[PDB]
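Please model the complete structure; the sequences and the hints are all you need to start from.
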Amino acid sequence: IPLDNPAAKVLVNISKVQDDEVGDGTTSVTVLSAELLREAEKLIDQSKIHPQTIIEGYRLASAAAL
Amino acid sequence: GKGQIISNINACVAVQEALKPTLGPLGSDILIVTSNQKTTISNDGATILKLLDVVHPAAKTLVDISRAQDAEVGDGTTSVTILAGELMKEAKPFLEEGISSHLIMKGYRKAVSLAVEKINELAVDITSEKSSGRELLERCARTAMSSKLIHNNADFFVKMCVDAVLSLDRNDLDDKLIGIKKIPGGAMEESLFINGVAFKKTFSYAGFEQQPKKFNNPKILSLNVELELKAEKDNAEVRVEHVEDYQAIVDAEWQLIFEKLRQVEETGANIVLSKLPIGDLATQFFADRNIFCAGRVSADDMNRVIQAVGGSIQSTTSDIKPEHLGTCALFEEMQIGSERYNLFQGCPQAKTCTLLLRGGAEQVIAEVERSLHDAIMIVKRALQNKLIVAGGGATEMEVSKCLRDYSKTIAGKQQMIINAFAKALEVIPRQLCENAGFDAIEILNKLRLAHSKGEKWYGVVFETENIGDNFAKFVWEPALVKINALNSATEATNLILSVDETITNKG
Amino acid sequence: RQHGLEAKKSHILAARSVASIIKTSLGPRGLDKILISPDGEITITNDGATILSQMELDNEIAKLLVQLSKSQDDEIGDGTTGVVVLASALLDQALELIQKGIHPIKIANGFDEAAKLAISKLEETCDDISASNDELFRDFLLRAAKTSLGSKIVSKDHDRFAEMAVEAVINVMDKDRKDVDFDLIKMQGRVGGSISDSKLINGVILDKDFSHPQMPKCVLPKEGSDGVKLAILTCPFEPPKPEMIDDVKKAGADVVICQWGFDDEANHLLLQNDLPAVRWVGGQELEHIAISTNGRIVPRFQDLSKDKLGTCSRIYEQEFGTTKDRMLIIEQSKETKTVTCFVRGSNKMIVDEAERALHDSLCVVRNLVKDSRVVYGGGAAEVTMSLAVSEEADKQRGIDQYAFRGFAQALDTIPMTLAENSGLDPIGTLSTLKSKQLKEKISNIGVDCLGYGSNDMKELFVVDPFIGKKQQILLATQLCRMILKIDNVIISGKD
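Protein chains in written order, with the entry's author numbering: chain B, 67 to 132; chain H, 22 to 528; chain E, 40 to 281, 308 to 560.
It is possible that part of the hints are untrue.
[Stated by the list, open to error] 16 Å max Cα-Cα, derived EDC-like pairs, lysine to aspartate or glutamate: (1) B:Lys-75 to E:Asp-78; (2) H:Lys-59 to E:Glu-95; (3) H:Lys-251 to E:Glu-277; (4) E:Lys-217 to E:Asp-113; (5) H:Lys-222 to E:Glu-277; (6) E:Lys-139 to H:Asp-460; (7) B:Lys-75 to E:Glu-80; (8) E:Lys-145 to H:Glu-486; (9) E:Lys-373 to H:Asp-309; (10) E:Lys-535 to E:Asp-151; (11) E:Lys-280 to H:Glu-258; (12) E:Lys-535 to E:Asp-436; (13) E:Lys-217 to E:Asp-436; (14) E:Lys-402 to E:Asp-213; (15) H:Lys-169 to E:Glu-152; (16) H:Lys-169 to E:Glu-206; (17) H:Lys-197 to H:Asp-322; (18) E:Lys-109 to H:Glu-383; (19) H:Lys-139 to H:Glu-476; (20) E:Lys-280 to H:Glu-274; (21) E:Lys-280 to H:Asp-255; (22) H:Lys-203 to H:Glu-354.
[Claimed, not checked] Sample of chain E residues lacking proximity to chain H, with all beta carbon distances greater than 10 Å (derived): (23) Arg-40; (24) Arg-55; (25) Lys-62; (26) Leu-70; (27) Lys-72; (28) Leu-134; (29) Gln-138; (30) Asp-198; (31) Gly-232; (32) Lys-314; (33) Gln-383; (34) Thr-387; (35) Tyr-517; (36) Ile-555.
These are computed hints drawn from the structure, not numbers from a lab. No residue lacks a Cβ here, since even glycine has one placed at the ideal position from N, Cα and C.
In structure tokens form, the structure reads like this:
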């Protein structure tokens with residue numbers, strides 16, 4: 067699908083990393099990444115603070131998940 | 022009818038408005054974008070009007086008269102247009118009252134004729150009275166350098182500026198003969214003066230660490246053709262099918278270049294300069310013979326080499342004559358600024374010089390280089406013309422004062438016309454105060470106080486706001502500028518007011 | 040065309056909207072941007088020089104930001120985002136003075152006198168590096184690139200790239216002039232491999248496949264001969280279109322380098338003599354070949370001698386990673402006049418981000434050697450300069466009294482911008498930095514954009530060059546003057 071959105075072109079290049087490194091579960095990566103944007107959208111509009119602070123919270127939460 | 026005349030009034034004000042902030046050394050600079058997409062910023066009215074190329078006939082007249090002011094004189098191109106355009110505004114209410122513009126133009130011929138006579142009375146010839154030979158030109162350079170970022174370092178800058186004028190014959194002087202090469206980076210007080218000519222040295226190719234900055238007596242010879250054999254445009258194709266013949270069909274070309282060696286080798290020229298970039302072929306054998314070569318030199322700097330050592334440009338290496346060579350006293354090369362700078366020193370026959378400038382940034386030096394050009398014109402015209410007049414508001418106020426008294430004896434419409442011309446002379450000191458930050462309303466009232474006490478030399482102080490005499494401020498202006506400014510502004514104004522209808526045909 | 044009425048109002052709003060783009064990217068916590076090249080390549084970086092260079096616009100006021108940023112990369116390189124934000128602060132404070140009747144040149148001249156007095160204030164509170172200890176100076180070079188690379192994957196291997204910039208600046212820069220030439224720094228990188236294979240080379244790389252495979256991968260010493268001699272010839276070596310072998314052994318040139326290619330049978334004569342040939346070399350690559358190896362360019366085989374020919378350690382071929390190009394390494398073992406930056410990465414974007422970060426890292430080393438006295442940045446320098454100008458504003462009367470107050474408030478924009486970019490209250494943080502420097506004691510405490518242990522960066526040994534920060538405040542005042550000195554806008558049409 068041709069995408070004129072310049073933000074959507076980045077997601078295509080990110081999905082190519084999963085195919086070259088492993089190649090399994092490529093669709094699950096995009097689905098999980100889309101759900102992270104749904105929660106991040108509610109955190110911004112209710113805050114309007116730079117997301118880099120929220121990004122630091124994901125690194126602490128991802129360590130406990132592993 | 023009168024409708025096109027009114028349109029010509031606003032056309033001159035629009036052109037004048039652009040030159041108002043550019044009047045004076047402290048005045049503002051205008052930004053004009055040429056169709057070439059090149060950024061040009063200058064405070065000189067000549068270059069400003071040349072880049073506009075206005076199709077309007079009356080606005081083009083103000084542009085054409087600026088070239089005549091720059092040709093015969095070269096100074097005052099900004100003030101001649103402001104003074105010429107001011108008469109358009111003063112004559113605007115006179116047209117609605119029924120007064121014809123012909124009687125207005127007639128009053129200017131009698132007003133300027135009486136003003137030129139007063140200029141010679143205010144010009145006093147002084148040379149050795151209360152002044153020495155060395156301190157005469159030094160005090161003139163500090164006037165234009167005042168109220169600038171270089172005022173602290175101006176002590177070292179005046180010594181280098183005076184030596185640039187004294188290095189040339191005092192009978193013939195030109196501002197284009199003194200070159201300036203900007204050096205990015207370094208301290209401003211560490212700049213030095215150079216007797217010869219220098220270039221930008223854009224040559225980035227290898228073969229460094231040789232050709233030291235210390236030369237004895239190198240010989241200079243101009244080059245025309247290219248030393249490298251590489252063909253940029255044409256080519257050739259020859260191929261053979263023999264296997265054993267592939268050996269020698271890769272080999273011999275450059276042997277043909279050896280034909281031009283013995284011709285140049287027997288000459289003994291230690292300097293190789295050309296209008297074309299020198300190739301990568303031989304950077305070494307020249308250094309073995311103590312021969313110097315510099316490529317990627319602009320064509321403007323090549324003409325100064327001919328006027329320096331008396332060289333000549335020859336197409337080939339055959340007919341080059343031995344007497345065309347020339348030598349300097351000493352060579353110097355500096356690596357300051359992460360770039361090598363080549364310069365010649367000690368040329369007795371040099372008709373040009375080069376002054377190097379150093380600063381913190383390239384944009385900072387651009388304001389220092391252009392501020393020096395205003396000081397060079399004051400030093401240059403000091404020795405050329407011995408008749409000088411007091412500037413900085415001094416002369417401009419008295420020319421308007423005398424016309425007020427002489428108009429009382431004149432009857433008819435010419436009284437209010439000369440008084441309008443005298444009032445039109447107040448635009449020059451106005452913009453000088455407004456561009457410098459001083460209030461033009463308070464100074465205009467206070468300056469006319471002492472101006473009526475009988476002293477005609479009271480000027481306007483450009484450093485600290487106050488009224489006083491410019492004689493202590495060392496503000497000097499030549500008499501040829503004030504005389505030709507009134508004639509050029511009146512002639513350009515008379516041509517616009519004499520045209521009621523403008524016709525433009527398309528084709 | 041607008042003069043004297045709407046010109047001063049439009050120039051402030053035009054420069055504020057352009058400068059507001061990079062305000063969010065200031066600092067290590069600043070946010071990146073997505074740029075699209077006209078060829079279809081997407082570039083993402085935090086450097087303001089890339090964003091401002093890609094801007095193509097007809098606005099005459101915003102053109103000064105592009106022309107100034109070109110000279111900032113060579114002199115400093117860190118004054119890209121910082122100066123533009125600082126220059127916008129002087130324009131916003133000057134807009135309020137225009138409505139009050141303040142002359143614009145007085146605002147331009149007021150910032151010049153306020154900047155010169157603020158420099159002398161930091162001269163008393165600055166600290167010495169070399170006077171404290173010698174090894175503390177090297178610790179600053181190791182952590183110089185760590186701050187800029189801490190936001191990238193490179194931050195894991197950062198300990199390896201720290202020692203590469205220490206030995207490279209010493210060779211190219213002499214303690215006399217204390218200057219580093221940009222033309223002597225060769226920045227080369229390719230796609231593929233990793234960042235752990237990056238090595239510090241004292242000479243030009245000059246990737247070569249050695250033409251015919253029969254040529255050996257190493258240069259023989261040739262019976263104890265001195266070094267390895269090279270020959271650079273750009274002549275179009277070609278057939279005879281409208308002798309030499311005997312003069313080659315006299316000079317002793319080991320390898321011949323050319324800009325263009327060679328035939329197959331041409332290198333067979335020099336093959337038996339163990340004299341390799343080099344072809345397909347760019348024009349810019351020839352600059353670092355003669356300077357690093359101290360070699361020369363052969364004018365001819367007849368008059369060439371052995372005295373001035375350069376000598377290096379050796380020339381060998383060393384494969385880099387899994388790349389099939391089979392690159393090589395040319396060493397020296399002696400101090401050269403130039404260095405070559407060798408950067409690798411697994412992605413094309415990682416290489417481009419690492420090359421630009423190394424450029425700014427080499428300039429900081431030059432500033433630390435040129436000026437030993439330094440100050441603590443990261444928001445502490447702007448707050449210190451603010452309290453110094455604001456305190457002296459009451460002692461200076463006249464029109465310049467208000468010019469010093471507006472200049473002191475303009476310096477507070479940077480620490481508030483760093484506070485806004487850090488996700489904290491800019492006003493609540495600015496009041497804290499001013500309280501610690503007055504009632505307690507005079508010190509340097511800045512705003513932390515990246516999460517650290519505590520305040521007082523002096524404990525963490527975070528230092529910034531003083532001459533590097535001094536060059537930024539001078540270009541900011543120089544840029545602010547050129548904007549106010551232009552009251553007119555003139556542009557032609559497009560046909």
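Right, here's what the structure says about each hint:
1. B:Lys-75 to E:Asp-78: 15 Å, holds
2. H:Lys-59 to E:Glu-95: Since the Cα atoms of H:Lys-59 and E:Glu-95 sit roughly 14 Å apart, the hinted pair holds (cutoff 16 Å).
3. H:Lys-251 to E:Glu-277: The given pair, whose Cα atoms are some 11 Å apart, holds under the 16 Å limit.
4. E:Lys-217 to E:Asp-113: 14 Å, holds
5. H:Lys-222 to E:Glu-277: Cα-Cα ~32 Å, so violated.
6. E:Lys-139 to H:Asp-460: The hint holds at about 14 Å.
7. B:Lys-75 to E:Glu-80: Holds, at about 11 Å.
8. E:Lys-145 to H:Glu-486: Holds, at about 13 Å.
9. E:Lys-373 to H:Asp-309: Judged against 16 Å, a Cα distance of about 9 Å means the pair holds.
10. E:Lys-535 to E:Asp-151: Holds - the C-alpha atoms of E:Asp-151 and E:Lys-535 are around 13 Å apart, at most 16 Å.
11. E:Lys-280 to H:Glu-258: Holds. E:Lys-280 to H:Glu-258 sits at ~9 Å (cutoff 16 Å).
12. E:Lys-535 to E:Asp-436: Distance ~11 Å between E:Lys-535 and E:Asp-436 Cα, so the pair holds.
13. E:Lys-217 to E:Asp-436: Cα-Cα ~9 Å, so holds.
14. E:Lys-402 to E:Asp-213: With Cα atoms ~9 Å apart, E:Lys-402 and E:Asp-213 stay inside 16 Å; holds.
15. H:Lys-169 to E:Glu-152: Holds - the C-alpha atoms of E:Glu-152 and H:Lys-169 are around 12 Å apart, at most 16 Å.
16. H:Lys-169 to E:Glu-206: 43 Å, violated
17. H:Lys-197 to H:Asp-322: Since the Cα atoms of H:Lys-197 and H:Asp-322 sit roughly 12 Å apart, the hinted pair holds (cutoff 16 Å).
18. E:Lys-109 to H:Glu-383: With Cα atoms ~11 Å apart, E:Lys-109 and H:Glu-383 stay inside 16 Å; holds.
19. H:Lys-139 to H:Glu-476: 14 Å, holds
20. E:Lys-280 to H:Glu-274: Holds, at about 7 Å.
21. E:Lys-280 to H:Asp-255: 13 Å, holds
22. H:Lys-203 to H:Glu-354: Since the Cα atoms of H:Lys-203 and H:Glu-354 sit roughly 15 Å apart, the hinted pair holds (cutoff 16 Å).
23. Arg-40: Violated: least Cβ distance 8 Å, not greater than 10 Å.
24. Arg-55: 19 Å, holds
25. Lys-62: 23 Å, holds
26. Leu-70: 30 Å, holds
27. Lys-72: Given that every Cβ of chain H is farther than 10 Å from that of E:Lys-72, nearest at about 26 Å, it holds.
28. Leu-134: The claim stands: E:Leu-134 keeps its Cβ more than 10 Å from every Cβ of chain H (closest is about 17 Å).
29. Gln-138: Its Cβ never comes within 10 Å of chain H, the nearest being 17 Å, so this holds.
30. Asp-198: 30 Å, holds
31. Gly-232: 29 Å, holds
32. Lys-314: 17 Å, holds
33. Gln-383: Nearest chain H Cβ is 24 Å from E:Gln-383, so the label holds.
34. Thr-387: 33 Å, holds
35. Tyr-517: It holds; E:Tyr-517 is separated from chain H by about 34 Å at its closest Cβ, greater than 10 Å.
36. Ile-555: 5 Å, violated
In this structure, the earlier hints numbered 5, 16, 23 and 36 are contradicted, and the remaining ones agree with it.
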